[PDB]
Amino acid sequence: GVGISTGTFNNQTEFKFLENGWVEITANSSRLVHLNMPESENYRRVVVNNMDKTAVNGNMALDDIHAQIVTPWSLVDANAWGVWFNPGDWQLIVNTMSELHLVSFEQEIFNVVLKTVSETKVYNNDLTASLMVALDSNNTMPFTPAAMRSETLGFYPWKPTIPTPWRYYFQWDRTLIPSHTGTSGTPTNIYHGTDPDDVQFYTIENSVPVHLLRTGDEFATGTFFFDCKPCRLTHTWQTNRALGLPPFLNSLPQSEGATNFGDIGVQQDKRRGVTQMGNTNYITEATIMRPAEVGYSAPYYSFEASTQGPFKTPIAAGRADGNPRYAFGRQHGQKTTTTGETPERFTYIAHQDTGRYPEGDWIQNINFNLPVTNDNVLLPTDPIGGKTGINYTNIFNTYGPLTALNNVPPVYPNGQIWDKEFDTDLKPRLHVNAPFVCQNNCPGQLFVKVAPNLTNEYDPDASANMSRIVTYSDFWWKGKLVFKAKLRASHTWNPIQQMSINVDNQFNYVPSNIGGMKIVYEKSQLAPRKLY
Amino acid sequence: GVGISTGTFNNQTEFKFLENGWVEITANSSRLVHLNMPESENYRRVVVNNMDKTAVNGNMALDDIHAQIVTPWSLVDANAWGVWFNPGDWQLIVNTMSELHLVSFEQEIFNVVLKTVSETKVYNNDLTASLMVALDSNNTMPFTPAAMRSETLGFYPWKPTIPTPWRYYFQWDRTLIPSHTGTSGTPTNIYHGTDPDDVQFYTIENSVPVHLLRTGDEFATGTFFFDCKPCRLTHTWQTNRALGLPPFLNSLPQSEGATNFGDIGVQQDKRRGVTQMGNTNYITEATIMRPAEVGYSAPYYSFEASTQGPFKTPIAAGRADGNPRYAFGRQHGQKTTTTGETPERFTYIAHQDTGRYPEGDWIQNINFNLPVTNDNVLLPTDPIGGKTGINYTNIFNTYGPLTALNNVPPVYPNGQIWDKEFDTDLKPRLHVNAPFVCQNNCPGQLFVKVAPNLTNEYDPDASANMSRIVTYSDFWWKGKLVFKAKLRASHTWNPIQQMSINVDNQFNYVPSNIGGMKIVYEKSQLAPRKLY
Amino acid sequence: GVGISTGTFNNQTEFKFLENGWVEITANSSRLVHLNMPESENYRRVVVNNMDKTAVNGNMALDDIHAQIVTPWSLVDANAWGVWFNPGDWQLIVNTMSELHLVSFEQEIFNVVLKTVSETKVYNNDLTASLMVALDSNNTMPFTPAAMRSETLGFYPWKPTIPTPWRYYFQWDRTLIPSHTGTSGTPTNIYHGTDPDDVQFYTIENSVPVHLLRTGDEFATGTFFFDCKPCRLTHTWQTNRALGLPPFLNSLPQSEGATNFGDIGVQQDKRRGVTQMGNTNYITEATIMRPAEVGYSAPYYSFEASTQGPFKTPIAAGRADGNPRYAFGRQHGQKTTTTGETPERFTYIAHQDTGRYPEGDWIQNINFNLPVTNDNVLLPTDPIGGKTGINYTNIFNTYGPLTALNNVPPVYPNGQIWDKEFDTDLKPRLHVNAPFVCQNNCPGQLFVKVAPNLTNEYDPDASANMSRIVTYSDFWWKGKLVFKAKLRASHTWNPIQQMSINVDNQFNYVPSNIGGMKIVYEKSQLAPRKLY
Amino acid sequence: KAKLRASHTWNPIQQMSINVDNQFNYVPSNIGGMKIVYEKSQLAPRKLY
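Chains as they are written, first to last, in the deposited numbering: chain G, 37 to 155, 162 to 361, 372 to 584; chain A, 37 to 155, 162 to 361, 372 to 584; chain F, 37 to 155, 162 to 361, 372 to 584; chain E, 536 to 584.
To be clear, the hints were calculated from the coordinates, so they are not data collected in a lab.
DSS-like mimics (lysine-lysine), calculated; alpha carbons at most 25 angstroms apart, straight line: (1) F:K479 x A:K479; (2) A:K479 x F:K538; (3) F:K575 x E:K575; (4) F:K479 x G:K538; (5) G:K52 x G:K271; (6) A:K536 x G:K479; (7) G:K536 x F:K479; (8) F:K89 x G:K312; (9) A:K479 x G:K479; (10) G:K479 x A:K538; (11) G:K479 x F:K479; (12) G:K575 x F:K479; (13) G:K479 x A:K271; (14) A:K52 x A:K538; (15) F:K271 x G:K271; (16) F:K479 x A:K271; (17) A:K312 x G:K201; (18) F:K271 x F:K52; (19) A:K479 x F:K575; (20) A:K570 x F:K312.
Please work from the sequences and hints to get the whole structure.
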């Protein structure tokens, strides 16, 4: 009954090598999850509004108006790389593997303990009390991944963790007409309420079965099996200038040295080749016809509005703009013995050259008078709209049928692993937040909640909140994430870039004298691959 | 023989309930189709040229220039929702069923009657004459959905209807350089004839078989079978702002009313999460990363020109830009007792929030100093090219690899049901005119004509038009259009928007004192669905 | 054995007729290939840096700065139409076929002869020397289509050819800030070096097994089988204005001649139809709701900057911009008896009307008042950014989900046949340079070299380059390429445009007085096809 | 019953084609005026000996 344990701790990573070059990587994780009771048992609808700061002109991007259903439940989320892989295993994966397939995911809650607090304080075991656990096997609830806010389980096996109090967006209608510093007057800035057509009030109790676990009980999610396409751990460097056959060089440097360039022998208007410029005889590396377009230029720092307020248009890649910035706390990589409230931050400067350098772009007139006059070219120095700070590249969009693009790299430790595909009829080609996209269904979210230990005084017909015995739970969570990965091959003569310890990064990977630990970010897409 | 009927009028619709929550909806439609003989038996080539109205400057958008091959044949087109379902049936579909598939379509012409007019007028039956009937099973003829002109069969089972006189576009070449009022001089508004490379002249006689039905026998089309992807009768509300985990709220409200907002606890630069703004520490609902972009800004009221003159660039989702405006006559929904040429009109404001609100958009500089100065933000108040009426969002496109979109909702009664997919090598994601799109083949267009009932005076070598006995026919047409649809389930606590008779809309659904009838538009995506 | 011949020349085209209107076209091509020894045996990294030309302001598009590995091997590339089909066979293909599949490809080297030169010049057979032959079956090396540079095998069977010296792009980092004439000073124009993360050095010696052929031996590339989607040899004349049912004409013309137009009978504001304009009652051929968008506008002559320097952003289809312009030499179509270095050129004006006419574009305000005032309309004549030459259509992009597009047409003789699909995670819709794209694997590149005939004086410790017995090889190359094409059917009444000989082009196709030859370009997509 | 031809020679042969001159012989007029014009039956050359 009470006295017998209900599952073994396990945080080992198993590397089951197979011939034909594949490895089945089984990341086991376990944590002690601590769960206080809810602040209130009721479901609440809370409207956030920050007109106190957004109504100041120019602060348009600081909009936080939204409506959310704050729930009495907490969510246990393992959807982040740091939950599964320590730095050494991640080093092995990035340094040796070439592509990475996510295979399966499973979860267990075991060794549940329930304790009452009495008050000096004394702690009493509630052998009769119970922990509610619910699995959204059918994904009826809104998908609410916690890595976006840095609220997943902790990344250290030996520290307890806490689950995030769960909430989801309710519908609101809001408009915020933008304005600059020195605008003549107060812009239109109001919250409209909500549309009856879009009301969606979800509850765990009506949506999913809820298991009650006392002390001896276990909950075990059966193995979810993914079908996701591979993530590739090797970046592409070939931009459009470096696709295809280079021009033949007649003048080769006959004294080997840095300053001794080679020269194409033939004048620029007398070369052979193909250009996509029907009226231009000059064949140059800028003009010559490549097969297609790598990357695309996007309107950078463009905010677009609809019924629920303004939001940034996301970008697939960056040079800066576009590169993601992760801000995170002490459970998720910041040095655990820091005292401050300020989060740790990095921006992931990805290796891949799919981005654009907008300071070098231009458009010039169709006539192509070659040493261009001012009237025949539009540069990034030139205004648009009369504004000196905004140039044409800010409003430019060169996505097209010829665009080629890469899926987003995995960002260790804070980045997501999987994401649910949109229910839209026309589905986005990639997601900017996760490398793998569940196409048909995704793993069930796991919700937890400690039951009400009522006092003797309860009367449902009283207006006041129900009195509850102050209770908390600690339960051990375990999970197993299976990947299938391909080992790399040495195509080139030269060696590749590899993650390695060095004198600078040495003390990031080991604990300090007073016990503190950190996890620095480590790049994934290290080895180069041919684009074409 | 002559006196035996050859078919049953049937305008019922059965709902056949299959296992596992599917309903096979069999829509039967029957119509008495009345057909006058053609104005001329010869195929004509006619150029329309409103140079007079487009030469006055500013009237560029009123360009009606086209060439077409006026044809003796007439087309029976049943490709509109109103031909099949009445308002009660449409209510039962949309209020209760979540997705809808096409299954099959078939047609029958039966009970042909031929009559001749002689001068007072005496009407006499011609048992020897024949209705010429042709089916383009192979889709060799140019496709012409009659819904875009509101020339489908009538939507009332009792009234007789008429088929559309058939015609199809011919080649032509045109240039219309645009011009505002107050332009110095006349633009080059000229018609260049037809490219010989592009000539296609089609005739029913040379292309498809033809059946000479007479009064005593039927024509029947085999059961065509669709393979289209499901149209979904439910709408998505979630803007980018409403995807993912909302921020945690630390100060929940303690009293009722709209004044009691809840507040996020920590300062915007000390919050935690993932933004896609590498140089910016502010994490806000506008700046926080989302999986992908729902909807896209498109350059609104952009007219774009090809060899065949200007046309509007279509837009996939409206907010009134984008939303379709239907103009229709007394066969097809207008109150039949009204006088006057003027059509009735509605604009279909769809429920879905995949649109944009252009006045709220803005673009600002990479540096992102927070209270943005005038020189550093381009607003919709700012003129492109010095034109005060044309702000940047008119000339602005944000389609990209992250755009997600829904298919167009069904529009009742005038919207198309199915559409033929293009024979392009690269095919569009969606068609803006119908929910279902035929992937490889589509239902054959049914062409009808009455044979030349000649007089004794005929001489083919005479230049003048042939003398014909004035003939007309009535033939009963029977269609059967089968759907398969899934019954909805109540996942939310709250109820959904539903179509209902009420005191306002009551008398739209019953005939008037002198028997006038109308069919109002009814919204096809009522129940909300979970995008993420 | 030395003297036994090891193959047979074959340059025939067999048209083999299958069931159901298919034709298996077996193009055989045979050439004599002449290969001198490499200039030096070592691999050379060379950087081209033409700062002398581009440091002059406005010479931005003349950027030729790049790095490459100059490799001693030479590439034998048959990837062009002229290598396989002569003008008569191409006439038969374009005039009689409708779609053209690509089936298989195989290669052979046979009748190798090696010779050496001794000083008058004496030519001596090298019975013991060998020709190195290497097939990259796995595509380890970068794909390198020689047709982009016009360095394929020559198109005349009776004339010898030389293979291209192989080279491939190394990585380089570059910034080139653009400038117009009379910019204040020298802008940033610098070569940064190479990123170590992107270095890739490939040797044929390590990546492929190298065969050694002396004289009596052969190498036969086994049959590679493609899986490419079909190329269509018909062109789409319909643009958006010619999709759907034309408006009904009440006023048909009653007399002959182009100056007797027909007229639509109903005023534009009392006209039935559908429009994507919620606030506009005017239904007209510009505004009527078409199914989708055939073609798209793109920013014309837009140059975009990557990490490696500016490049021309490509366009899918042209009207001009977008139409490819070829420059080609004596082996590849120019008059073979001409003096001078200048290449022969053509611009391939494709027959398909999917392109745009930017001078006909206009954008007008959402209110849509008809005689548009200057402030409410933006025209292609209006300046943007204060520049008079550049207008909004240079910045504009209409690409959206509704875009439909055609694949790149074949260009006879200088265009490619196949190209390798990019290894990116999201791949382009089409390629602008080859009609067929290999889906997963593409036929192996064949690299050839003559092995070193060292002198007796060789010493690897010597500072100077090695000494070699001057040697060269002639080897006969044969290839077989199989297509599968569908014969056309005469759907129209009218004849189609067809390739023909006539008095203007008569002496292009037959040799001249002193034996000169040329191959004039021939258009592929002749017969019209209907989209809709 | 007819035999499809074969391209024996290097050069392109004469072929029947629509062009700017003969275009409106093969499509009707304003008032249904229709015509058919003579088209040459024998176009490809043949080696007699």
